[PDB]
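I would like the entire structure built from these sequences, with the hints used as guidance.
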Amino acid sequence: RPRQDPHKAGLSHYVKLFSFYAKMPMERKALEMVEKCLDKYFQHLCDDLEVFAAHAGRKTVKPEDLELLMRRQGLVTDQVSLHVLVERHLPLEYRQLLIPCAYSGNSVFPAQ
Amino acid sequence: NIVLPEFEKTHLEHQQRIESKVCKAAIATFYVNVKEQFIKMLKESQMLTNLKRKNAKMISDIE
Amino acid sequence: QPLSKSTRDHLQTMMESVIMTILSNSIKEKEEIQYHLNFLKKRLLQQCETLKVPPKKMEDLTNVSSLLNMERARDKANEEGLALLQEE
Amino acid sequence: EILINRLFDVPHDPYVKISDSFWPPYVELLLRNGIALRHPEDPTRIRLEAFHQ
Amino acid sequence: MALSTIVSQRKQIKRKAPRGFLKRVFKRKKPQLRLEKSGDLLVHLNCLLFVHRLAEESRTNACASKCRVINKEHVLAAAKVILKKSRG
Amino acid sequence: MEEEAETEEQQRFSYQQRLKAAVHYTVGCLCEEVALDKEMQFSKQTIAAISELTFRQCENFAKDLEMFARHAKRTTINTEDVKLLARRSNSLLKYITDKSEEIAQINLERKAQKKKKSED
Amino acid sequence: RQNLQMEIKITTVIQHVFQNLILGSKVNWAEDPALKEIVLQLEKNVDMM
Amino acid sequence: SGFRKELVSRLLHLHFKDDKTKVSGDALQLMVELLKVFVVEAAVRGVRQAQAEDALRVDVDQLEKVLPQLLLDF
DNA sequence: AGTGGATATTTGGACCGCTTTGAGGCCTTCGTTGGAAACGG
DNA sequence: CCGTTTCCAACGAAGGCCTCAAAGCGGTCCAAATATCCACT
Numbered sequence: 001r002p003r004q005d006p007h008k009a010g011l012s013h014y015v016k017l018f019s020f021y022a023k024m025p026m027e028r029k030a031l032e033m034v035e036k037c038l039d040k041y042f043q044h045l046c047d048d049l050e051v052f053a054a055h056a057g058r059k060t061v062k063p064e065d066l067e068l069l070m071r072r073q074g075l076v077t078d079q080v081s082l083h084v085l086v087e088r089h090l091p092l093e094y095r096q097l098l099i100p101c102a103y104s105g106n107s108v109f110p111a112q
Numbered sequence: 001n002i003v004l005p006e007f008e009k010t011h012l013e014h015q016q017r018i019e020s021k022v023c024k025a026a027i028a029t030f031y032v033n034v035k036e037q038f039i040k041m042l043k044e045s046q047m048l049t050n051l052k053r054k055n056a057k058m059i060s061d062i063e
Numbered sequence: 001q002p003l004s005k006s007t008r009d010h011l012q013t014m015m016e017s018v019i020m021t022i023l024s025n026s027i028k029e030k031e032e033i034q035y036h037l038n039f040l041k042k043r044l045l046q047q048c049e050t051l052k053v054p055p056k057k058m059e060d061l062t063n064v065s066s067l068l069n070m071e072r073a074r075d076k077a078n079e080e081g082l083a084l085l086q087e088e
Numbered sequence: 001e002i003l004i005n006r007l008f009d010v011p012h013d014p015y016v017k018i019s020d021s022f023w024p025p026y027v028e029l030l031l032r033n034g035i036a037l038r039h040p041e042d043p044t045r046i047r048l049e050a051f052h053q
Numbered sequence: 001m002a003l004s005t006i007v008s009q010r011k012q013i014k015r016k017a018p019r020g021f022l023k024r025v026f027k028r029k030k031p032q033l034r035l036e037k038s039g040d041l042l043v044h045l046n047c048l049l050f051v052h053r054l055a056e057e058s059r060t061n062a063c064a065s066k067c068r069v070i071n072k073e074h075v076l077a078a079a080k081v082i083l084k085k086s087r088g
Numbered sequence: 001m002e003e004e005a006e007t008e009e010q011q012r013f014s015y016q017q018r019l020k021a022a023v024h025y026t027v028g029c030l031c032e033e034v035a036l037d038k039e040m041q042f043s044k045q046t047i048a049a050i051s052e053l054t055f056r057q058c059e060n061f062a063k064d065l066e067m068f069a070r071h072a073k074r075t076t077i078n079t080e081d082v083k084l085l086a087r088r089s090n091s092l093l094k095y096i097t098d099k100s101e102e103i104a105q106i107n108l109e110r111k112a113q114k115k116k117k118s119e120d
Numbered sequence: 001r002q003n004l005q006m007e008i009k010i011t012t013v014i015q016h017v018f019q020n021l022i023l024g025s026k027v028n029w030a031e032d033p034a035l036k037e038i039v040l041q042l043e044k045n046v047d048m049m
Numbered sequence: 001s002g003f004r005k006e007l008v009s010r011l012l013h014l015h016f017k018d019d020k021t022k023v024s025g026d027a028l029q030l031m032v033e034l035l036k037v038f039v040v041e042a043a044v045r046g047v048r049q050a051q052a053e054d055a056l057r058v059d060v061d062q063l064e065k066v067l068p069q070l071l072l073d074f
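Residue numbers (this note's numbering), protein chains in the order written: chain F, 1 to 112; chain A, 1 to 63; chain E, 1 to 88; chain R, 1 to 53; chain W, 1 to 88; chain G, 1 to 120; chain D, 1 to 49; chain C, 1 to 74.
Source of the hints: derived by calculation from the structure; they are not laboratory data.
Take these hints with a grain of salt, some might be off.
Each computed BS3-like pair below joins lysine-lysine, with the alpha-carbon atoms no more than 27 Å apart [said to hold, decoys possible]:
#	chain 1	residue 1	chain 2	residue 2
1	W	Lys72	F	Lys8
2	G	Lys83	W	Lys30
3	E	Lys30	G	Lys20
4	G	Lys99	G	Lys116
5	F	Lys59	G	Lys83
6	W	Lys72	F	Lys62
7	W	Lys72	F	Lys29
8	W	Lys23	F	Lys16
9	E	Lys57	A	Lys54
10	W	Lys11	F	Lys29
11	A	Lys9	E	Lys5
12	F	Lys23	W	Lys84
13	W	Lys84	F	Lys62
14	C	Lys17	R	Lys17
15	C	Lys5	G	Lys94
16	W	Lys80	F	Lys16
17	G	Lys111	C	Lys22
18	E	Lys76	A	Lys54
19	F	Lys23	W	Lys72
20	F	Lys36	W	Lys66
21	E	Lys76	A	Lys21
22	E	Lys52	A	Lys43
23	W	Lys66	W	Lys85
24	C	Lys5	G	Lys44
25	W	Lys72	F	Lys16
26	E	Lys41	A	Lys24
27	E	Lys42	A	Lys57
28	C	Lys5	E	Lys28
Rendered as structure tokens:
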């Protein structure tokens, strides 16, 4: 009779991704540490998105706010845009939804 | 030791061309500055070499 | 035999530094005095290039005081050790 | 046609710099369908896939 | 292998992202705001990049500190700089 | 064409050198007024390093300010961008916010004085 | 022989480009027989003709 | 004994992407004080590191020991 | 969007050979050290 | 004739590789919740 809370079930994906990217054997005592760092990072991300949306003048969060945040983080630049990172790190099912593409008589989706 | 005199008179090879007050002041100041640097660095070099050879001789003597 | 370019670059950065510090206090006639400064600096570089000197050897200038202090300490230690050994 | 010509004329340097005429829709289509490939160092240069090799 | 030590995953799990978990987290944290259609995908991408940075930093810290197995202090010292670099 | 471009480049370089000398004098004044009452002495290499690094960091500050201004569709920079630029650590964030409160009460004083002058 | 090699290479490149374009265009080719013949003749080899 | 307005004005204008973007008066006032706070913070960090050593003077080493984290904060 | 029904998911149960860590041996090869010898006074 | 710098002989540990034995459990098969989801209304 196993019991798993949704929080740990959600964090296990990123914990396993960390274990795969480490390419080294890791002690079990680091899992809770990585989970706490992920929680703190999510808190700071939510706060930064909130203040950026407040400064933008709207209540909703738009992709330009996340682009500005990633640019301040040093990940996205003018030359290396967000589309490059999406193509590098995301599968096709998400690229079809994020990056606009034209087909069948200049039909563009999504509308950009 | 031989390059120092020549460079020295280069001082008066500049005085005959520039004539403005503040330019002459800057010339004199930075020239005496680089001269002090030259003298101190060469003296430090000589003392360093002498101290190295003296240390070698003294450790040989104690051994 | 001309000198090595190590002391050359040492002198050039020292002269750039002293030009910068004497310009920090300069207020009037900014650009032409520093133009003349760089001109005469390049001229002194040429004059040093044309000069000849018997060869000599040493190392970088950043480790002069540290090496001097280490040599002073070693000299004092060796002197006191030799004195003790001689007394014995 | 430009990509094919650059691939066939210059075999060791088939990369072409992306211009304003190449709007993002067509470039994204070609990159998604595996027809074109970005330069590994700068995404501003693209090349054609060597199907004959 | 001891239960305390976990070997590196030879095969990576499926690249499917937990969109529902991210939506629930963003709702329980800031319920007054509303996320757009596919903002969770960008949040997932940012999390992937953060995890990659943390992983490489912890790996180099563990390999530089005379250790073949990643310990707690290694990932701790890595997070103390990665969390500060990830905010802006 | 290339000669005039190179002379303009050298003029900009001399301008940059003058700015470097001015900021170096300023940071020297600051460092040598803080060192004495902080019971320690400074070396000239540290002064030059801090000068160069302040000069290089001013460019990053300008870049971030222009980015924040463009994000809000504003061609001119206001206090909100300077407050956002300081959001990395909350200590200097509160410092800059209280300084903006001081600037705000100064603006209130100027507006009150201007209204008093208009009353006369 | 060199002309044969060059024509074979060009034909292979054109075949693969056309196949990828027809795939990415998201069109139903089975309804149009004129395109069906092409998409059925694209995969076969060129040198064995 | 601080930064001047024209100094930082030139510093920000010569480093901008476009000269069409202007700087207001309050932003220019905040910029000089931010630079002053940054330099005094660097100085006090270096001297606190030197006190952690209790050495004879502050030279390049104590500066570079605290240098990276400072700009990582700013 | 609250309500819904269905079907793939998986985590605890159970067991064997693959897995790694610890220890011992033993080898082939560079280095630090002592010494004989040529050179300088 | 004698002290000093230098190449040569030599012990060593040093590292690198090989082998075996013992403790562990991951992987494979398998249960019945249960939760992802797609559109139900």
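How the hints compare with the structure:
no., hint, in the structure
1, W:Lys72 <-> F:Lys8, "holds, 19 Å"
2, G:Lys83 <-> W:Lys30, "holds, 22 Å"
3, E:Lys30 <-> G:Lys20, "holds, 13 Å"
4, G:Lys99 <-> G:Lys116, "holds, 26 Å"
5, F:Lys59 <-> G:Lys83, "holds, 20 Å"
6, W:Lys72 <-> F:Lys62, "violated, 37 Å"
7, W:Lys72 <-> F:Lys29, "holds, 6 Å"
8, W:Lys23 <-> F:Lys16, "holds, 20 Å"
9, E:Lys57 <-> A:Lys54, "holds, 18 Å"
10, W:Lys11 <-> F:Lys29, "holds, 22 Å"
11, A:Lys9 <-> E:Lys5, "holds, 23 Å"
12, F:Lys23 <-> W:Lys84, "holds, 24 Å"
13, W:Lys84 <-> F:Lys62, "holds, 24 Å"
14, C:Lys17 <-> R:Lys17, "holds, 24 Å"
15, C:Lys5 <-> G:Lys94, "holds, 23 Å"
16, W:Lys80 <-> F:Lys16, "holds, 21 Å"
17, G:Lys111 <-> C:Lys22, "holds, 23 Å"
18, E:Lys76 <-> A:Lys54, "holds, 11 Å"
19, F:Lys23 <-> W:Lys72, "holds, 16 Å"
20, F:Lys36 <-> W:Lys66, "holds, 25 Å"
21, E:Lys76 <-> A:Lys21, "violated, 50 Å"
22, E:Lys52 <-> A:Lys43, "holds, 21 Å"
23, W:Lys66 <-> W:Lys85, "holds, 25 Å"
24, C:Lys5 <-> G:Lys44, "holds, 26 Å"
25, W:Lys72 <-> F:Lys16, "holds, 17 Å"
26, E:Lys41 <-> A:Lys24, "holds, 15 Å"
27, E:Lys42 <-> A:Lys57, "violated, 44 Å"
28, C:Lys5 <-> E:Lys28, "holds, 19 Å"
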